[PDB]
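2 protein chains.
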Amino acid sequence: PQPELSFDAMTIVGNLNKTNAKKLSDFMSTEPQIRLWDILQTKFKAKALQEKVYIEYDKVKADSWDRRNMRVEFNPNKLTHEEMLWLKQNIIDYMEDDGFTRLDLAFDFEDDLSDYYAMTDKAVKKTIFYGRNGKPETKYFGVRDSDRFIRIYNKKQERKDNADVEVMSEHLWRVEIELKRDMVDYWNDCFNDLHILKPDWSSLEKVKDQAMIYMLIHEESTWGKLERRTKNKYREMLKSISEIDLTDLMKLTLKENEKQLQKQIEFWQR
Amino acid sequence: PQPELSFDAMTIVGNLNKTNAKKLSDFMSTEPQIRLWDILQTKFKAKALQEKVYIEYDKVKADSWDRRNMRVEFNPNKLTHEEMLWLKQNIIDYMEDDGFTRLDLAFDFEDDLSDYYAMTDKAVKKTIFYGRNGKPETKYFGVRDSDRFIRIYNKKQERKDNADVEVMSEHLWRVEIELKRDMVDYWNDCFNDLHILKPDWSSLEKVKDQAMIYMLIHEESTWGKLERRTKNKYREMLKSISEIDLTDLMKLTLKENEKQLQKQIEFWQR
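Listed in order, the protein sequences are those of chains A and B. Residue numbering for the first sequence follows the working numbering, starting at 13 and increasing by one per position. Residue numbering for the second sequence follows the working numbering, starting at 13 and increasing by one per position.
Worth flagging that the hints you see were computed from the coordinates, not collected in a lab. It cannot be assumed that every hint is accurate.
Which copy is meant is left open, because identical chains are indistinguishable; a pair holds if it fits in one copy or across any two.
No farther apart than 25 Å at their CA atoms in a straight line, the calculated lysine-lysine pairs in the PhoX-like style are these [as the list claims (entries may be wrong)]:
{"#": "1", "residue 1": "251", "residue 2": "220"}
{"#": "2", "residue 1": "172", "residue 2": "134"}
{"#": "3", "residue 1": "30", "residue 2": "73"}
{"#": "4", "residue 1": "172", "residue 2": "137"}
{"#": "5", "residue 1": "168", "residue 2": "138"}
{"#": "6", "residue 1": "57", "residue 2": "192"}
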């Protein structure tokens, strides 16, 4: 099946006037439905819309690193058009120099992705979190502080664990691609380095089968131990087997929704 | 070789008199070499001995929730006996209802553990950090917020990275066992489910067996694919195949030093 694609995180960074800092800082105090803390003249923190939007202004720490001075963080999937409108008009518009610092692509699949893994053509570090059952629930590829980082994890299990409403499907895995800094401008075709795979052996139904192959694939000597009637069974099986690459479906769904997603971005920049 | 064993973290929780709170609060203000903050009559925070001991008193929280009102945190390995003496006499003695809330066992080995297979018989979450190499570097069994949590990792590499004094040995790996809450009283046998092995699948004369193992020891996920009754068969087999199990050396060193360590604890309680 084709995976559903959406943006799942947007950070927007800008710069805010001395005038506007106060103005905005003043505005927000008057609204009890927004929560303010860690206030000074150069600093302000806030969550808005039932805690769905984080907002941080810091002048003293913006300039100390020569950067822009205000972040706004939120998940667009969790905002209602009304809300999106509210946030743009009452916050984003008063920012200048504004662009995207973070942007996350979320591909939901109704298959089981436990055995899938990402590779860039560059050699990267991996982390896998296994459940009590011994199965893998979350996978990290690369590092979170970088232009591109990929999670592959059991959304169903994670939603269940998060006490979210239960879901009709028997399997649900996400592939999140966190694009930061300069990579955000390439979101619309990011897959040149990257492939999301599942091995040869993984595709078999039978644990003993998949072990036996894996061994044959990794220790040449293993053929020498095996009887001829057996050798043929596994020669058959080897040829019968292909590695799977979801990349292609992803690129497809991406292309299919490029224009909507693109508009959905442009919304914030006007 | 036998691994050196030591405690690598202690917290101690207690209650402090109105009289002693002040007495102690008074004492600390006079000493410039201790850093005091967040002070009231019912509150204080402090770091002492060149920032190596954290100390926190809160009465109003303690009254608000029916709890003990003071914690003292430190690593005993990083204290000099002189220092240990100072802390007991000038702080701990003045506590009552005092016991241990955290206790960490650190087994250092001069072998390379990369080449062992580490496993718990118990069903708990595993985290494995893989290197760019594809091989596993660090393993966590359990979660940090729990009665018992285990790290296995390259101490030499971690010490080097930490700009610590270099070490004569070519290899140095730690096995840290963080015991919290009620588990602290069972420090003398907290790792019996844990096994660290060196199996050679080859010596199994049956061939599906050897594949299955080889896979288990090279793809952690494949435990997830085994029904519960099967997992035990292969756990049996693993242990049955390895001449070496470092667990045994740990249990030994532990027994050998149980009495000293025990005294080293009793030191704090008098």
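Against the structure, the hints:
1. When the C-alpha separation of residue 251 and residue 220 is checked against a cutoff of 25 Å, the pair qualifies both within a copy, at 17 Å, and between copies, at 20 Å.
2. For a Cα distance limit of 25 Å, the shortest separation of residue 172 from residue 134 across copies, 23 Å, qualifies, whereas the shortest one inside one copy, 33 Å, does not.
3. For a Cα distance limit of 25 Å, the shortest separation of residue 30 from residue 73 inside one copy, 15 Å, qualifies, whereas the shortest one across copies, 40 Å, does not.
4. In this assembly of identical chains, residue 172 and residue 137 lie within 25 Å of each other by CA distance solely across copies; the values are 17 Å between and 28 Å within a copy.
5. In the homo-oligomer, the alpha carbons of residue 168 and residue 138 lie at most 25 Å apart both inside one protomer (22 Å) and across protomers (19 Å), since each shortest distance falls under that limit.
6. For the homomeric pair residue 57 and residue 192, the shortest alpha-carbon distance inside one copy (22 Å) is at most 25 Å, but the shortest distance between copies (35 Å) is not.
Checked against the numbered hints listed earlier, the structure breaks none of them; every hint is satisfied.
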